[PDB]
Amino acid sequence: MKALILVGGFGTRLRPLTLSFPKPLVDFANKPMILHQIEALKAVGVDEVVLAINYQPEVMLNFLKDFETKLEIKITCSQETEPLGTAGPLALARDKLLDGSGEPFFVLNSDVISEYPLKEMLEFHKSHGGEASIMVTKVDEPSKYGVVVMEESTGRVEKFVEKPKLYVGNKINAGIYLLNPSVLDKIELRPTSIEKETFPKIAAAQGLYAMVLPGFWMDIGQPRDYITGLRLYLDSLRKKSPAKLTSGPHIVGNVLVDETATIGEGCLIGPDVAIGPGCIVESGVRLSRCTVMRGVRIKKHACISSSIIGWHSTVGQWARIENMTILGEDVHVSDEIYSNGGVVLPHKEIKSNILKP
């Protein structure tokens, strides 16, 4: 069983984190986003996963080598010259997706975090015998998305309404696709969109079916939705496997701590914090609604809220970091510095206060 992961560009919207490692390798909940998906794809019997990227994948060849051996799965890159959209890459890598068994293949948005009911979706797709199945999830602002209009008694999709000024529903594209090989005959090797060009073709032939996604969903493509997705994901661990969440008198809410991380005495971590491997959180540190990536040090008495601290960064003593601050890799914030939404490029030294760029 084959699978495709739609990456596209390196991800400007996640700068400066993506300036060091492209979008599918940025950490989410102590794991690179690629792991969350491949672990899920492997659990349904996927043996090869094609990565549809826009950048040169040589920058991530050393990481994927190790991930292929540990996860026992084939990862093949499929780079595009010009941006082919979300359906275009399906044609560019049609040779790597067709294996002759006529079996359907999975397609995933590289920035979608969920519980991935891929087993439950396999049985859904084979029941109605349609050409393509997509996952659907409900949101609060469907006017900002393309809303699905589906025959809810059967699941058959009639049409997609892009950015409806008037309410026609609240179910949107959840980014999880299950497509038969025949779909690849409806996509030319040009920039085409699967939701606005390919799906209407299948929606006309009455071969498009939608399955409501049971569980949380979030596209962490941008920083605001990244923090939101971390909260929804951590509460999923609270509901599913609470043993993975940490606990103690210094813990409020749901906190995920890597076993190789150091937590100093007298801290207060939470709610909704993810601390990565090799992190040194010194004594008396306040952390909430933030992500601390691999190898960053938070010196004593610092307070961090609603922020993302890039790999191997260093927050000085009594520093104040809040309001959607994003430190890149290897950023050294000095003591007592105040960041109100600072966006610091990698390897920089922050010696004075910074605000929103």
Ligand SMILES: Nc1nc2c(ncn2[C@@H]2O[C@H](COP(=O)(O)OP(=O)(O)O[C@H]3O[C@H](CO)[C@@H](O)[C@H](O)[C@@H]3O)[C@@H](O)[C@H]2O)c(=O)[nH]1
Given for the second form:
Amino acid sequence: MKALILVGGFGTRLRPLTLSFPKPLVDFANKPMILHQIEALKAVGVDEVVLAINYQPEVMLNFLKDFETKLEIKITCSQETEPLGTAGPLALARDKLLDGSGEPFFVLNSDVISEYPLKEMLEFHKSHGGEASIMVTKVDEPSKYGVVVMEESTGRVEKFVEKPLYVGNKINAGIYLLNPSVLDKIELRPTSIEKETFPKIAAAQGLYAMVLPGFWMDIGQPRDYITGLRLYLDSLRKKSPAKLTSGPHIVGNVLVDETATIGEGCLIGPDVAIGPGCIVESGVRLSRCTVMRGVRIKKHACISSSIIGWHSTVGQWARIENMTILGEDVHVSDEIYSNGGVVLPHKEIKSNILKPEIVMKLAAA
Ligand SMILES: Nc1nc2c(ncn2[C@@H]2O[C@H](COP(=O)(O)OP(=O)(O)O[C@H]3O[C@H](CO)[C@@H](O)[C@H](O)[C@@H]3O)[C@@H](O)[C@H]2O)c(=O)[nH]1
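For comparison with the form deposited without the named molecule, produce the structure of the form deposited with the named molecule bound.
Next comes the full complex, this chain leading.
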């Protein structure tokens, strides 16, 4: 059984984090983004995973090479030449997805986080004997996504419309399970899976949708990255609560790597992820933030609703809030305030950053 992960490019919308590591390698909840999906694929018996990418794969071959041996799984890159769309790279990796076993393959959107009930999706797939299965989840604004109108009891989808006028409340969750026959409806040309391939399969009465249990989020923009960690950590509390840390210094759900250190007098939480090798000194306040590998938060600093990149340094009594994104190896001096700062890697912040909402929503004029 095979799987393909639609990655895309390096990730412009996630700068300055993606100036150091490509989109699938950026840490989410203390492990590289791509590992959340590769681990879920291995759990259901996938033996090879193809990364449909846009860039030179040498930059991430060192990362995957250890995870290949560690997870006992094969990872190959399928770099495209020209923009092939969302169904194009499915045909560019036709030789890698079809081994002759006749078994279906998974297709995952790399920007999507969920619980991945792939085992239940596999038995759902065999039950209806259809050509393609897709996961669906409800949202409040089904207009920024692609609505899947479907019939109950069977799950057969009736149409796959994109950028719709309320046509339904279920949307494509970016988790596909496709039979080998799907690859016959895709040419080796730029083609869109949501506009062409899925409507065809629905017309042939062979497209089925399964309601996705649990959380779902498309972490494209860093604002959704903060919301994504909250939903993930809530899922972790329900499935395996012992993986979250607790104590008098903890409020809500906090995920601390085993090699991180927390000094006395801290107040960490809610919705905080502290990466490996981190040093949180005394009297630090962290909330709704991601602290990546190897950063140091000095005494009495207060970080909220922000993302501190790898190997950054936050000075004593520094105050970081309101979606501040620090790149790799950013040094924030003592007693500095940052509101909405977006700092390129390796920079030293010696002056305050003042980009509040009232400031930005007033500079429009
Ligand atoms: N190999 C390759 N990958 C691409 C390309 N274009 C986009 N991708 C990647 O495929 C994924 C889909 O991203 P978009 O093309 O921007 O579509 P979308 O607006 O985000 O919406 C789609 O995803 C939602 C999440 O499941 C769906 O809800 C929605 O229905 C739709 O399928 C992303 O990870 C993107 O990097 C391409 O030309 N080639």
